[PDB]
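Below, in structure tokens: the form solved without the named molecule, a single chain.
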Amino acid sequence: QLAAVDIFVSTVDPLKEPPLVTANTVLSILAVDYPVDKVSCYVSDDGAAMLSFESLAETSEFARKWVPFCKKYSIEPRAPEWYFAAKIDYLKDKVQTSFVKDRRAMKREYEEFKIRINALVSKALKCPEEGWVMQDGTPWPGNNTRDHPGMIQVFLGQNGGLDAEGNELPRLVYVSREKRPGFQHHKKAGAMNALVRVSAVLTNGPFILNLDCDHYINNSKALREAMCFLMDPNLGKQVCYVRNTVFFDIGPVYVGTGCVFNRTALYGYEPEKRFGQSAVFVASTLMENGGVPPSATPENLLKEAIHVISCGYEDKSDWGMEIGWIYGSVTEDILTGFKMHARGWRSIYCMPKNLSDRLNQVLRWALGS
């Protein structure tokens, strides 16, 4: 049995971070070998760059061609750029199947895409003094970076999309938490706690996979292998595979990029409570390993996802808390990453890319610092 997983990807600024690079990571996630209803992709853009938003839409719309291709022909790796970069052997077969026409078109599709992405960054460069207007005419809610409402936009999923062969793709969620002058947002950490919460009130996945914007999934079967190793008992703490895999087993430990951990361990309990004032959030707290209560209404939980990235949602709220993701006080100490606990039985599956001290350093690389 495979449980749903929510994969995280955070963004700060598209001109420091090439959309095309992060776009490749998102297409490797949308193409993963895993039930579409049990993988959800949440992309935070803490800058609120219209450019991030638009590139994310172009990517979502290219993914409708790309995912079925990757899935018909067992393409690996699931990121176009590196794939169309790898060597292929034309000499192997004596006859031309449809892969020839199909691969030649998909590559032409990919260059079309890069060009269209390039054109978006070309237009993001000259900044109009009167703010950003979207392609459809509508003004961008994010012209002021420190003053804008919370934004949530779903792509593909069960209500949009449909790849060209008529099947539905993983949900793709642009999130951008609220910014109002006067609220410390905890930049990268605040994005991530908020992102833990918004993904809880929507697709409440029992497992979470934060990925850096450039950490594309190399093996499309990563979550299948993850899942069948994440759920069974044995002894011994860390094991190693053949960059490569790790997978732990059996105080607090802090985990970051590129690791598949269970959601409940962020919460302190084993599924009064101050996770904030959202009872929908605390519902998903006490629910099963994951899942969203069927007693919940699409309009009411969009109402709450907006609520749970609002400004001041974390006020006195015990976030950056003794659990979850934590921050080190003014002038930024380094005390970061997610947090789990005595854990009872828990394990974690990561795919990275003195005696005790030298071992403590590598068992930190495997958790993405």
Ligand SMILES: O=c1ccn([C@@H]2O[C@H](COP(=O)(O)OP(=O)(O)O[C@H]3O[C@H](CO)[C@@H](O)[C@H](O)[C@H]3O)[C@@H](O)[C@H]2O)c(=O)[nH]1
Contents of the next structure:
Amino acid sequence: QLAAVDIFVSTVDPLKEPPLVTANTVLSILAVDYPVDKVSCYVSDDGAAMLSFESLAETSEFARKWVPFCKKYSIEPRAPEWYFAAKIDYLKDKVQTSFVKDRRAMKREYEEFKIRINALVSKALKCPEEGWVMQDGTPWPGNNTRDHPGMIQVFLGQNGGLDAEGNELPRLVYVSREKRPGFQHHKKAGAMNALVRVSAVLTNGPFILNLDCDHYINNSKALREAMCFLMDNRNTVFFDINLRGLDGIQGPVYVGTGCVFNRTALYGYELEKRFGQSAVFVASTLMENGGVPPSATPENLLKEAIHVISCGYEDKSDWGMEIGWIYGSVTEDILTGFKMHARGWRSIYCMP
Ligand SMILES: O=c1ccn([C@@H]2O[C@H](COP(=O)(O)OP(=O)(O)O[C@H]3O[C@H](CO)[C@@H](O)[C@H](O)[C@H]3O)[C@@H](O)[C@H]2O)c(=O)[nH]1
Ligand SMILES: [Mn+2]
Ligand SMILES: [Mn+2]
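Having seen the form solved without the named molecule, I'd like the form deposited with the named molecule bound now, please.
Below is the entire complex, every chain and molecule, led by the chain shown above.
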């Protein structure tokens, strides 16, 4: 069967990470061949850049058109920039097909999307003096890049509006963890640990996958292929049920980008606020088949998700020490990946 997957993308700087490339990665995720309620996309923005927030907003709106198109016509790859680069053979058709008509309209929609993103980048090139202001009229909470509250915004999903055929889309979650002078943030490693916790509060999928912001999914069946291995030339795979044992794999395994791996392996254990002072998160670590308690409102969940990204959350905890992505510059050569402990079940499937 098909287990839920939480997909993590970390970004920091739209000037080094062009918004359109990130958008293409996100669109290839949102259009993946998978039940929409069982794939979720979390984008961490450590730059707290309004440009990234707004380009992700525009991206979700375009996804509402792009996703049903790809699924109707079995498009590959589902990153529009790369799909539209491939040449099509119009001469083999006597008359314009429904596919060709739909594709010509989709391509101009994509060109228009691109122009809007270019406009966002241009406007970002030069500050106004009072900092940025949002749709509302209210100021952008991340104007001070090193001194700003935690921000979470859920797009699409169950309550985020339908695609062009009237169907729900996967959740897309913007996350910018809190930053305050006097608190270390540990860069990507700290972002990934924050995303482990945010995802656990909001979806808590048994499997996690971390993609670079330019690593678009090339084959929409990638998650199904992974599940063919994870549930009872070639790519990297690992399976282990560890007990006791001078036998078998000894010690932890570390996993980086592009691999689906099982979440509970992160929680590998030696109280329980080695995990930090979140009742909701600690409870989530105890559900062996994932999910969230049915009686939590998106509103209370958004509480809890904000709490788990506060800048002091990891103080007095094992995060970055023995749990999650591990902090370094001492002995441990990680923060090249998540630490999967021996204790129980471990499984990894990496994409080609
Ligand atoms: O605060 C941050 C910084 C980076 N990243 C992510 O981590 C990855 C690394 O990108 P990079 O531009 O290399 O970030 P750096 O913090 O600068 O990490 C580098 O810092 C040195 C100087 O840039 C480099 O020589 C090293 O390759 C590397 O450790 C990207 O996916 C980034 O989105 C975050 O999530 N949060
Ligand atoms: Mn810390
Ligand atoms: Mn990355």
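Whichever C-alpha set is largest while still superposing within 1.5 Å between the two forms counts as the rigid core. Residue numbers count along the first chain shown, from 1.
- When the two forms are superposed on their rigid core between the two forms, the C-alpha shift of 2 Å or more among 122, 159, 96, 74 belongs solely to 96.
- In a rigid-core overlay of the protein, residue 336 has its C-alpha displaced by at least 2 Å between the two forms.
- With the core held fixed between the two forms, residue 10 has its Cα displaced by under 2 Å.
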